[PDB]
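Asker: The primary structure of each chain is shown beneath.
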Amino acid sequence: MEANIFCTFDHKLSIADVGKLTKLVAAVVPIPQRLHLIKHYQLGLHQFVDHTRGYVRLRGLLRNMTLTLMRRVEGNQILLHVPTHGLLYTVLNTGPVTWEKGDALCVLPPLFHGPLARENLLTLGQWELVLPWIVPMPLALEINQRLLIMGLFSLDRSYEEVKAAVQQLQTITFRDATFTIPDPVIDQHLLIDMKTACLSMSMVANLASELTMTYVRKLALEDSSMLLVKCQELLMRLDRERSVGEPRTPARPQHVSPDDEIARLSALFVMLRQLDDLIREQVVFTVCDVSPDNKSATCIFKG
Amino acid sequence: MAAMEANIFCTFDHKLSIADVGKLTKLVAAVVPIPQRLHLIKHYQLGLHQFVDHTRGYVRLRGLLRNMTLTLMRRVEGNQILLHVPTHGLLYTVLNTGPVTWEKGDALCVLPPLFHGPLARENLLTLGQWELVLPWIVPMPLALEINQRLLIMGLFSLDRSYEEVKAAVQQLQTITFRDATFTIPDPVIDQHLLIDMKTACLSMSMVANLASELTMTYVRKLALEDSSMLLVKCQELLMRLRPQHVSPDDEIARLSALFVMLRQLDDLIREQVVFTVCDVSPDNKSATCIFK
Amino acid sequence: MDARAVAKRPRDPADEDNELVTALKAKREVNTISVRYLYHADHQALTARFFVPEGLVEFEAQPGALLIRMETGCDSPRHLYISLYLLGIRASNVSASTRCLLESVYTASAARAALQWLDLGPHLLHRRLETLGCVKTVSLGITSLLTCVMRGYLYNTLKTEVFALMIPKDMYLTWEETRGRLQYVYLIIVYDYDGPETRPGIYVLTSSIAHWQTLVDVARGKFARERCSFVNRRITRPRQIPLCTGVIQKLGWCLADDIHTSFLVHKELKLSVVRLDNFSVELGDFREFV
Amino acid sequence: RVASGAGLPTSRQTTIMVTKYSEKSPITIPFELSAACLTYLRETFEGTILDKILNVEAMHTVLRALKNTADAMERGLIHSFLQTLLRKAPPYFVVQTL
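Those protein sequences? They're chains l, k, j and D, same order as listed.
To get the deposited numbering, take the position in the first sequence, counting from 1, and add 3.
For the second sequence, the positions run 1 to 241, 255 to 305 when the deposited numbering is used.
So in the deposited numbering, spot 68 of the third sequence is number 68, and the numbers just go up one at a time.
To get the deposited numbering, take the position in the fourth sequence, counting from 1, and add 98.
Hint data in this document are derived by calculation from the structure and do not stem from the laboratory.
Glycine included, each C-beta is placed from N, C-alpha and C at the ideal position.
Among the hints, erroneous ones may be present.
Derived EDC-like pairs: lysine to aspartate or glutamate, alpha-carbon spacing no greater than 16 Å straight-line [claimed, not checked]:
no. : chain 1 : residue 1 : chain 2 : residue 2
1   : l       : 221       : k       : 196
2   : D       : 118       : l       : 13
3   : j       : 136       : j       : 277
4   : D       : 122       : l       : 77
5   : j       : 270       : j       : 170
6   : k       : 305       : k       : 5
7   : k       : 15        : k       : 131
8   : k       : 305       : j       : 161
9   : j       : 136       : j       : 161
10  : l       : 305       : j       : 71
11  : D       : 186       : l       : 13
12  : k       : 221       : l       : 159
13  : k       : 104       : k       : 296
14  : l       : 305       : j       : 285
15  : D       : 122       : l       : 13
16  : j       : 267       : j       : 2
17  : k       : 23        : k       : 103
18  : j       : 250       : j       : 285
19  : l       : 42        : D       : 121
20  : l       : 221       : l       : 236
21  : k       : 233       : l       : 225
22  : l       : 233       : j       : 226
23  : k       : 198       : l       : 226
24  : j       : 27        : j       : 17
25  : D       : 165       : j       : 2
26  : l       : 104       : j       : 75
27  : k       : 198       : k       : 159
28  : k       : 198       : j       : 217
29  : k       : 166       : l       : 262
30  : k       : 198       : l       : 262
31  : l       : 15        : D       : 141
32  : l       : 104       : j       : 71
33  : j       : 8         : D       : 121
34  : k       : 23        : k       : 159
35  : l       : 166       : k       : 262
36  : j       : 159       : j       : 42
37  : l       : 221       : k       : 159
Computed list of chain j residues with no C-beta within reach of chain l, every gap over 12 Å [unchecked claim]:
no. : residue
38  : 130
39  : 211
40  : 225
Work the whole structure out from these sequences, hints included.
Answerer: As structure tokens, then:
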């Protein structure tokens, strides 16, 4: 015997459709919440698909979702099984990028591009079974940086320079197959998720400026590590060695309200908490040996 | 020696009343930090109580617990105490102590207790001029707020006069969360908290240098042409009344170091999860968890 | 269901016959293979076979060494498995006498050119490196079959002997005169900054500290010299964007009491090394810190 | 069909065929048991008078969970069956119009 998670459907199943599940004997399946029974609506990432919400909303929900590999497809039932940490678990290479031995694979929400290519395997009446990409860790650090820069250029667009620079970020180039990352922007106006995220960096990028000035000058007096004196001049923010304009010291806040200065610090870290989901990529699998043709590979579970 | 034991027996040396021993049965599956790990531990070493100081600094108590090994309570008898070290990855069940909504699916981080709004606080246990103290397990969003405000207390004390600082502390000691008030047990500005600023103060200036020329202006770009609740509200919070460098090859790497400082700056308030809730009991007297 | 299904003691696999025996017992066939006791049926440890060029067989032929994959800009081979000792010549931590010592052993048709792949790039070494584990049962050949240990204790087959990790003495350091009974191991790359190029050192740090917050704080003191170089390069070189004074990562844990100094002797050459004994493996992600 | 007179449209034979399908709705009953009740029901200590009593309650507690699980299986079978009929039952004013 072994612990399992039954997941029966509801719509009638053609026998030919069950054979597409036989190709998915061992692949990652996100689950909104652990349960001993799960409706096929809850099954897959499709339950959280959204219209105006951007890619960030999927990643922010998927990180809380519990991963669960497929075990043994059968008749009306689905035998899902949750991996235990510290044990190896084979995973199907649903991910577009070929796996390499020893990489720290980590889940990311899917990013299907423009022209149609691979189709979703289960379009069972409006609902369809999308699956998150399985990607090596260094690329997952890369794809996250791409979408955020594209949101920084979500405002300006008419200039040709931004118009081309987004096209370069759109086209990733890596080992073996190359791919294209769809633009989060659509119909000029930005999606609300990227606007919430791009402002979260814009707050820290600017609110940190004036607020940190008073805190540098006082702590630097000790000259303990001595670096704080260099830190005081780090805030001038310039490249060229500017001459005799005579504000050699960084600009400092003035006439701030005694209580509002506390709230500005509260407005600082709160932006960091909303931004935190993009900041980190928890590992979920670590591949060891890889099967030929990269169809699948054994991966010890992590997290 | 042998690897530190998964199972630890603590035996109470002091005589205890027949009424108090039944409180341990209600205390089953509590999170009990221990100092040195050993197969058999004196009860004076048991609990958080020994680390208290006359300074009563909260910031140090928050730090010392993070180096301690947590051990879930299990199976109380007439004297034996079956502490059980939680090996990572197993699905442990954790009885709750401090009053909080919990709610399913939140991440958890152990923290020192924060006394409730009456200020009255009956001890969970007493035993000869010594009192057991179990640090509270709290939801992750709650832990981020209680931890960051202490850093706000330090930076605010660095400049303004001591009379204005103490009046601000009463505004900072309160923390509403899930319609439940809480208060810090004697927050203190101290050398233990003084280093919290210096690791932050260097962390702040690095973001100003790593910031792109557009990213600092990016909020001003939105206000110039658009308006919204978040835009107008943040505009009051900070700013006083085509890109010049289109270098995607630079920005792709310039942010890559900027993400590093965002990891370090968050880590001052971020802490490693100790448990991950699955299904809080409707009685809210127990919770289901994993991590370790 | 019957109460016997829940009141029963957990099943002992040793009480059960081996699964290959069950198919034979049903038909009373007698194959030449002896399946009455399967070997390697009881191993918490996890492993993977690694085919490696013969030019890196040195030193690793003694069990216990930190394999680390190194991706390279060349598309073939895509992932050479550098020895940790082979990376020490790049390290500034190694003593100039020790650097000249081992380096003569590494001359080869392949390993001697392996160092060139490090110098060519602009990005920092940790972006290429990826910890794999530890050696056990080298095959020794023109294409040796190294067996990495992804997790669990190193040991000889059939538990005949517990292999020990070999940490070179120059990279080792201690955080306290009085170690705790437990202390996690942390491989660390440190990037000191200089004009023409960074010259990273390597460090392995057993420490009773386990929580990541308290772990990085003590490093901020001992490596403050390189930390001063980190901010100094930033104000010096705009457009240039150095990052991360170092990179901690978890690697494993040891009982501390078992540790004692030792030395490996390959090709009649002594090499003093710290020697963790019963060292369980618990690898983790690189964790950058500034 | 029915016969009709001359000068009128007739009724050619109209064979008709249809196929019903089937629905599904599995149920499940969690139930907890204290780890002490399992270890006392399993291991038997010295024949002290008190331990025999605690072993007796440990034995009866499992029957209290199993019989509760079986009765819960019947309550859910009635519940899932009535829940099945409610989805199949049209509102009455439609059946009256039909």
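Asker: All the hints need checking, so say for each whether the structure fits it.
Answerer: A quick look at each hint next to the structure:
For the hint linking residue 221/l to residue 196/k, the alpha-carbon distance of about 14 Å falls within 16 Å, and the restraint holds. Only pairs whose Cα atoms come within 16 Å are accepted, and residue 118/D paired with residue 13/l is accepted, the gap being roughly 15 Å. About 14 Å separates the Cα atoms of residue 136/j and residue 277/j, which keeps this hinted pair within 16 Å; it holds. For the suggested pair residue 122/D and residue 77/l, the alpha carbons sit about 15 Å apart, so the restraint of at most 16 Å is met.
A threshold of 16 Å between alpha carbons decides the hint, and for residue 270/j with residue 170/j the separation of about 14 Å falls inside it, so the pair holds. The straight-line distance between the Cα atoms of residue 305/k and residue 5/k is roughly 15 Å, inside the 16 Å bound, and the hint therefore holds. Restraint check: the Cα-Cα separation between residue 15/k and residue 131/k comes to about 14 Å, which is no more than 16 Å; the hinted pair holds. With a C-alpha separation of about 30 Å, the suggested pairing of residue 305/k with residue 161/j is violated against the 16 Å cut-off.
Between the alpha carbons of residue 136/j and residue 161/j the distance comes to roughly 11 Å, so the proposed pair stays at or under 16 Å and holds. Between residue 305/l and residue 71/j the CA atoms are separated by roughly 22 Å; this puts the pair beyond 16 Å, and the hint is violated. Simply put, residue 186/D and residue 13/l have alpha-carbon atoms about 15 Å apart, close enough for the 16 Å limit, and the pair holds. Of the pairs offered as hints, the one joining residue 221/k and residue 159/l holds, with about 9 Å between alpha carbons and a cut-off of 16 Å not exceeded.
With a CA separation close to 13 Å, the supplied pair residue 104/k and residue 296/k stays within the 16 Å bound. Taking the CA atoms of residue 305/l and residue 285/j, the gap is about 10 Å. The hint holds against a cut of 16 Å. For the suggested pair residue 122/D and residue 13/l, the alpha carbons sit about 6 Å apart, so the restraint of at most 16 Å is met. With a C-alpha separation of about 67 Å, the suggested pair residue 267/j and residue 2/j falls outside the 16 Å cut-off, and the hint is violated.
Taken as a hint, the residue 23/k and residue 103/k pair is broken in the structure, with Cα atoms around 25 Å apart against an allowance of 16 Å. A threshold of 16 Å between alpha carbons decides the hint, and for residue 250/j with residue 285/j the separation of about 7 Å falls inside it, so the pair holds. Distance check on the hinted pair: residue 42/l and residue 121/D sit about 13 Å apart at the alpha-carbon level, within 16 Å; holds. Of the pairs offered as hints, the one joining residue 221/l and residue 236/l holds, with about 14 Å between alpha carbons and a cut-off of 16 Å not exceeded.
Distance hint between residue 233/k and residue 225/l is unfulfilled; the C-alpha atoms sit about 38 Å from each other, more than 16 Å. For a cut-off of 16 Å, the pair hint linking residue 233/l to residue 226/j stands: about 14 Å separates their Cα positions. Among the hinted pairs, residue 198/k with residue 226/l is consistent with the structure: their alpha-carbon atoms are about 12 Å apart, no more than 16 Å. With a CA separation close to 15 Å, the supplied pair residue 27/j and residue 17/j stays within the 16 Å bound.
Simply put, residue 165/D and residue 2/j have alpha-carbon atoms about 11 Å apart, close enough for the 16 Å limit, and the pair holds. Taken as a hint, the residue 104/l and residue 75/j pair is honoured in the structure, with Cα atoms around 15 Å apart against an allowance of 16 Å. Only pairs whose Cα atoms come within 16 Å are accepted, and residue 198/k paired with residue 159/k is accepted, the gap being roughly 14 Å. Between residue 198/k and residue 217/j the alpha-carbon distance is near 11 Å, which keeps this suggested pair within the 16 Å criterion.
Taking the CA atoms of residue 166/k and residue 262/l, the gap is near 12 Å; set against the 16 Å cutoff, the hint holds. A distance of roughly 22 Å separates the Cα atoms of residue 198/k and residue 262/l; the hinted pair therefore is violated under the 16 Å criterion. At most 16 Å may separate the alpha-carbon atoms for a hinted pair to count; residue 15/l and residue 141/D exceed this at roughly 49 Å. At most 16 Å may separate the alpha-carbon atoms for a hinted pair to count; residue 104/l and residue 71/j meet this at roughly 11 Å.
The hinted pair formed by residue 8/j and residue 121/D fails the criterion: a straight-line CA distance of about 38 Å is larger than 16 Å. Proximity of residue 23/k to residue 159/k is assessed by CA-CA distance (about 48 Å); at most 16 Å being required, the pair is judged violated. As the CA atoms of residue 166/l and residue 262/k are separated by approximately 15 Å, the hinted pair is consistent with the 16 Å bound. Simply put, residue 159/j and residue 42/j have alpha-carbon atoms about 10 Å apart, close enough for the 16 Å limit, and the pair holds.
Of the supplied pair hints, the one linking residue 221/l and residue 159/k holds, its CA atoms being roughly 8 Å apart against a limit of 16 Å. Some Cβ of chain l comes within 12 Å of the Cβ of residue 130/j; the nearest lies about 6 Å off, and the non-interface call is violated. With a closest Cβ-Cβ approach of about 17 Å to chain l, residue 211/j is found to remain outside the 12 Å limit, as its non-interface label requires. The non-interface label for residue 225/j is inconsistent with chain l: the shortest C-beta to C-beta separation is roughly 9 Å, within 12 Å.
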